[PDB]
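Entry: chain A
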Amino acid sequence: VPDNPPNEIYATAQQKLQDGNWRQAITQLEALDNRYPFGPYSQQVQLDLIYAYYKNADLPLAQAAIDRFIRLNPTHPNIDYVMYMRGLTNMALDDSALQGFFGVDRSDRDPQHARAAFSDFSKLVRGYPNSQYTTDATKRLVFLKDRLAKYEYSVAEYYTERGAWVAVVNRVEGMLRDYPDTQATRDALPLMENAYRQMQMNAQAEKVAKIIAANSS
Partner candidate 1 sequence: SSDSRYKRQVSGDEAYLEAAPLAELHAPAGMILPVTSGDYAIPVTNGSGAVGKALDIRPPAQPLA
Partner candidate 2 sequence: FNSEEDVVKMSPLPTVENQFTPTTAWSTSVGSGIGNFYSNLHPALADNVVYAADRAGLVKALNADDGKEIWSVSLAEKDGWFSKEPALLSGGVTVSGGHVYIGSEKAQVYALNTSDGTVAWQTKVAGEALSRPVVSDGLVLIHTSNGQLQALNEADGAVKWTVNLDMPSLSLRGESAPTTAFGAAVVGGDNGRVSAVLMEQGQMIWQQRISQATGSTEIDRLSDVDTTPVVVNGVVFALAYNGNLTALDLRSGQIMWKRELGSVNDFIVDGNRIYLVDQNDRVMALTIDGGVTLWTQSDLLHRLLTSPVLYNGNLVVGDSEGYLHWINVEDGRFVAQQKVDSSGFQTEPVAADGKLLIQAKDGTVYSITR
């Protein structure tokens, strides 16, 4: 945390940012910003510091700084850049871990972060199908969509495993009118039929066997 002129301290912060000394890069970026909340060097400091938070994994610092910034100037050429970074911060908020690294048996945790990323990215890409990150967030979206599908599936599954049938039928209907894309869906459908057998739910089960035959690939 030195007291260099803005150009020199900003350049040192930038080179240690690219360096991977995002820890000390953040140190000197917060130095510069706490020095001056005005000037465009402070605004680019805000951009580089939210990036450096998310890079050095200061996601709480990242989200704080970035919501502060969207409160600062909610309109800018970088709005797509902002909504992008924010959906991503929700993403790493949702599934960054040691098993979040190993990647075995995941996609069923708190989707609050996932709700945030989905809203962010979907409403962004509709507010902005016009960006070089557009299809990236799009993959994030269909990705996370089927991801939360796994979430809710494992859920519903487990549920009927409890011998818990009706609330699951409902959850199904919920995701169904919600989002008919993922395979998890078609997976869930047999289970529905089985539930209908439980209480002997005849006509509807017949209906759904037909309609899965209609959809089932």
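The set was built so that all candidates are chains of the complex that A comes from, given by their letters.
List of remarks:
Criterion: a residue touches a chain if its C-beta (ideal position, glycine included) is under 8 Å from a C-beta of that chain, and two chains touch if they have at least 3 such contacts; residues count from 1.
The candidate from 1 or 2 that touches chain A somewhere in this complex is 1.
The touching residues of chain A, counted against candidate 1 in their complex, run 40, 44, 47-48, 51, 56-57, 77-78, 81, 85, 92, 95-97, 100-103, 106, 118-119, 122-123, 125-126, 129, 132-136, 138-143, 145-147, 176-183, 186, 207, 210-211, 214-215, 217.
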